[PDB]
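Next up is one chain by itself, shown in structure tokens, the form deposited in one PDB entry.
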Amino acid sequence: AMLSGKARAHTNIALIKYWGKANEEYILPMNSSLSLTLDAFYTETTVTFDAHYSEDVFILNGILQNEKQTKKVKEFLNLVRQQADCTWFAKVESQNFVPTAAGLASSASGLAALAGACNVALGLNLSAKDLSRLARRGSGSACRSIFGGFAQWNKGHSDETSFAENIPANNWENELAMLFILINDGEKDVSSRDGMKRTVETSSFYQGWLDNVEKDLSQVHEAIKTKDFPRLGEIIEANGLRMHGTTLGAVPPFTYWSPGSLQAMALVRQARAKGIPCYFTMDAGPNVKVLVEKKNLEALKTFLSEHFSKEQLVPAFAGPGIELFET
């Protein structure tokens, strides 16, 4: 009496940020977002539901995860089980294909992969849209990893209308790259879920954030239509900076930046001034991702080696949507 399934899902990085929930229980977002799915970084996950299991078990890179480390996994299992009316404990075994000690965020690829594996195990037979909705409920950013290339998460107004979709771009995503700059001098960081909640509830800058998301999204779409990279880059760099601005107005205020983050951001500006078109973005942590055209990627990598070891500079390209496998 067992049911099992497997999936592989790639990470995505938001160019227009999701920051703050309109509904915390269903992870309905206050604003729509837009991401690029990447090839380099991904998660492979198997799940087994078995009547003979005695508790939920989560293994990550071969290491048994403790209660706190399993929290998003455990909550997703309960909600997928309630949706299937399944009463069995599960075993989740996941492997993250990210660079050693990089400290990448893996909730997007991990919960997306877990959602795909559960869809297979429990025979839910979900469409891509409904698979995105399911993964949304484990982690908002996971719903975009269902899709490859550019994807948009439409905020919607309901569990039924909040989900992601691919954005066709005439293969423009295949001309682009993202160079990760790995920064480790970071303080202990508020989780994305807790930080965005504190920002929604207390930041005097959050209305300014909301008032600007939709125009940024429209201009990303216009830029994609004309393959206008400097225009894309200027929009997404300011969007990310605006997102981080909101945490300095929270109560108490906080920042995700480390000293190295600022050095990296300053160097991106110098690279642009030397004529290398490239634009930075940060999520809920100190790493700095640099959006650049493929033709300019080695120039950018060379320039940045003056201050960062080669271990600290990891390129990624456009990647595919989720893949499901039977066991």
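Think of the rigid core as the biggest set of C-alphas that the two forms share within 1.5 Å after superposition. Numbering follows the first chain given and starts at 1. Compared with the form deposited in another entry:
- With the core fitted between the two forms, just one of 200, 124, 102, 217 shows a Cα displacement of at least 2 Å, namely 102.
- With the core held fixed, the Cα of residue 156 is displaced between the two forms by less than 2 Å.
- With the core held fixed between the two forms, residue 245 has its Cα displaced by under 2 Å.
Form deposited in another entry, following the form deposited in one PDB entry:
A lone chain is what you will see next.
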């Protein structure tokens, strides 16, 4: 009496950021977002539900996770169990091919892969739409890792209408790269979930953020239609800076930046001045991600090596949607 399943999901990086929930229970976002799924980082997860298990068990990178580290996996497992009317405890075993809790979207690949493995094991036969919707309840960003290439999370207005979808771009995404500047792969002080909740509830800058998201999304859609890389870059760099500005208006204010983050952003501006078209974005952590055309990637790498070791510069290209597996 056991049910099992397996999934691989890749990370994605938001070009237009999700920042702040309109509904915390269902993870419905205050604004829509738009991401690129990436080939270099991903999560592989298997789940076993079994009538003979005595408790939920979560093993991550071969390490048993403690109660605090398992509380959220357990919340997700409770959701999918009530959805299927399944009364069995489960065993989640996951491997992160990505640093955990470092602002590199391990929650997106991780909860997408768990949603996909649960969907298989409990035989939910979810459409891509509905798998995105379920992943969303584990981590907002996970609903976008269901898809490859460019994807857009439409905020919708309810559990039924908030989910992601692929953005066809005439394979423009295969002409692009994202170069990761790893400043610190440690676990962040302020989780994405806690930071954005603080911003929503207290930041005096949060209305400015919201007032600009839809304009940015449109500009990105028109730049994708016209394969305008500089215009894409200018929008997403400013969107990233705008999102991080909101945390300086929170009460108390905080920042995700470290000193190396600012050094890397200044260098990206220097690369641009010396003729390398490239543009930075950041997420909830100190690492800096640089959007650049494949043409210019080794150029950028060599420029950036003047201040960063080779191990600090990880390239990534467009990646695939979720892959489900029977076991």
